[PDB]
Amino acid sequence: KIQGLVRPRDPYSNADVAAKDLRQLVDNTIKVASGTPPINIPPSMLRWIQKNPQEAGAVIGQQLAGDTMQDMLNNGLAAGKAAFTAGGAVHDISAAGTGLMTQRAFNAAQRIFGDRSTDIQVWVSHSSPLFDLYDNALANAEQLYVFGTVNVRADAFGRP
Amino acid sequence: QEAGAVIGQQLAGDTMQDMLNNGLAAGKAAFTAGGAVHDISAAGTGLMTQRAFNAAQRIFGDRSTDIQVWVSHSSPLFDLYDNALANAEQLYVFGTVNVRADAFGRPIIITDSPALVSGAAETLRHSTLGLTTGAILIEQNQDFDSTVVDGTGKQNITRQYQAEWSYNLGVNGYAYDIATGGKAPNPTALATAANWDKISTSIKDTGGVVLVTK
Amino acid sequence: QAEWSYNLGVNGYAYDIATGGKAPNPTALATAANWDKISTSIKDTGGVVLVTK
Amino acid sequence: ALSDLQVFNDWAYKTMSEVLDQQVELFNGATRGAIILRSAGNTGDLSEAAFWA
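Residue numbers (the authors' numbering), protein chains in the order written: chain A, 55 to 214; chain B, 108 to 321; chain C, 269 to 321; chain D, 2 to 54.
So here's chain A without its partners, still in its complex pose:
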């Protein structure tokens, strides 16, 4: 995006105007490789206990499917966390406060996105923060939570 594309051009004047250049930014997507340690699956042990040696493979794939998904998600979440911090898209409330406030924090995140605050779609987080907000809902200093409304998962700004 060329900054300062529109100048306050005015007549009754011919002052020198500096020039600008056209730049091209580049996007990026790194590739992550993952493997599995050699799983010792001798048929002898299964046969001794009267079990199909093929069961060893069945259990391998069962856990592998979940593990592979976990690896991709955890890697994606870690990459996103660092990316945002590197880009400056980060707000610290650990020093300025404690735990998770009653949706007062998400308001500060709205400040970060300013006009485009609506762009934020989800609130991917850990279990602890939620229980902290649950405690905030159960300890609503401001009277806006009733017994039936304290299990909400919204950020009071229409975001899950």
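Source of the hints: derived by calculation from the structure; they are not laboratory data. Be careful, since some hints might not be right.
Capping the alpha-carbon separation at 27 Å, the derived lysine-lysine pairs in BS3-like fashion look like this [unchecked claim]:
#, chain 1, residue 1, chain 2, residue 2
1, C, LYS290, A, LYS74
2, D, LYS15, A, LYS74
3, B, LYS321, B, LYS311
4, B, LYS290, B, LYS305
5, A, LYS135, A, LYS55
6, D, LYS15, A, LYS105
7, A, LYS85, C, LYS321
8, A, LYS55, C, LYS305
9, A, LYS105, A, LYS55
Residues of chain D clear of chain A, computed beta-carbon distances all greater than 10 Å [what the hints assert, rightly or not]:
#, residue
10, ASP5
11, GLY30
12, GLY34
13, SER48
Stretch by stretch, here's where chain A covers chain C in the computed footprint (C-beta under 8 Å, at least three residues) [what the hints assert, rightly or not]:
#, stretch
14, 273-281
15, 297-310
The beta-carbon is built from N, C-alpha and C at its ideal position, and this holds for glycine as well.
Dock chains B, C and D against the given chain A, drawing on the hints supplied.
Chains B, C and D alone, transformed into the frame defined by chain A:
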């Protein structure tokens, strides 16, 4: 030639932006000069339970229904949102927090206009201006001129795209002061006060009221 | 033995493979200076981290 | 193995033109007529208009 298309799409965006910003800055100054300015900077960030809106609505005494909108920056909105998050006055609930209303049937326009923010940190202020029908007038003169000069003599030719145009802007009930302004005012002259003469006999005749908040 | 690979990309951010490495480990994925801010506006970039003790 | 082989990575020229990020669509209906944009203009650095008081 591919650069011409991106130059064009960015131009259109920046032209609409520039016109809007200049209009907002000129409107703010006109209301301030016409006395349609209210300061809540001392009373916190303002928008307190939207009482600042009410206090600014007080300016239009008999017919405050003329103002039916509230143009402002994003920060004031989240300040009011943060206020809605803590109902010290018990006037809000978990659901009634993300609201764009001043409790008087007026939408709160949100825009990151540099003409709506002044100063930094403590000096930083936020101007929420409420407008009537036809308060801010913008009229493009459609005098656009465009010539690309291919600078030569250098190792590589380098085109020099240049574009020039103009647009007339005015404030309902207000008149630009050339003596304090100029024949061709810059954004600064449009934003500075004393550059707008109040013509309407009464303030309610003029369209627009600016509410300055911390 | 099982082996697989997948690409990872964050909106408005370019991985610094120079610092991250040709095959970055999950510690490099979280390592700072391995991500480059691209979109001039932070609003253009997608996502924001909120550190809460 | 892969060290012997040569990688050429991947690249593209989407040339997506980053544009203004600020919301400036506030004209006519957008502001309920409060801020209006008129395609037509007027001549002369000034445009006076004498109306009765």
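Query raised in the report: Within a Cα-Cα threshold of 27 Å, do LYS15 of chain D and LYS74 of chain A meet the stated pairing?
Result: holds (22 Å)
Report task. For the pair supplied as a hint, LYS290 of chain B and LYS305 of chain B, confirm whether the alpha-carbon distance does not exceed 27 Å. Result -> Within the cut-off at roughly 19 Å; holds.
Query raised in the report: Is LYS290 of chain C close enough to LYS74 of chain A, meaning Cα to Cα at most 27 Å?
Result: Status violated; Cα separation ~35 Å.
**Report entry** Hint consistency between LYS321 of chain B and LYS311 of chain B [alpha-carbon to alpha-carbon, up to 27 Å]
**Finding:** Answer holds: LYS321 of chain B to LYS311 of chain B is near 26 Å, not above 27 Å.
Query raised in the report: Does the structure keep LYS105 of chain A and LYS55 of chain A at a Cα separation of 27 Å or less?
Result: violated (65 Å)
Query raised in the report: CA of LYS85 of chain A to CA of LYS321 of chain C, is that 27 Å or under?
Result: violated (31 Å)
**Report entry** Hinted pair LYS55 of chain A and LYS305 of chain C, Cα distance within 27 Å
**Finding:** holds (14 Å)
Query raised in the report: Minimum Cβ separation between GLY34 of chain D and chain A greater than 10 Å?
Result: holds (22 Å)
Query raised in the report: With a cut-off of 8 Å between beta carbons, are at least three residues of the stretch 273-281 of chain C near chain A?
Result: holds (count 8)
Query raised in the report: Beyond 10 Å from chain A, beta-carbon-wise, is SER48 of chain D?
Result: holds (16 Å)
Query raised in the report: Does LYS55 of chain A lie within 27 Å of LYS135 of chain A when you go C-alpha to C-alpha?
Result: Answer holds: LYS135 of chain A to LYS55 of chain A is near 25 Å, not above 27 Å.
**Report entry** Cβ separation check - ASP5 of chain D to all of chain A, threshold 10 Å
**Finding:** holds (17 Å)
Comparing the model with each numbered hint stated earlier shows that hints 1, 6, 7 and 9 do not hold.
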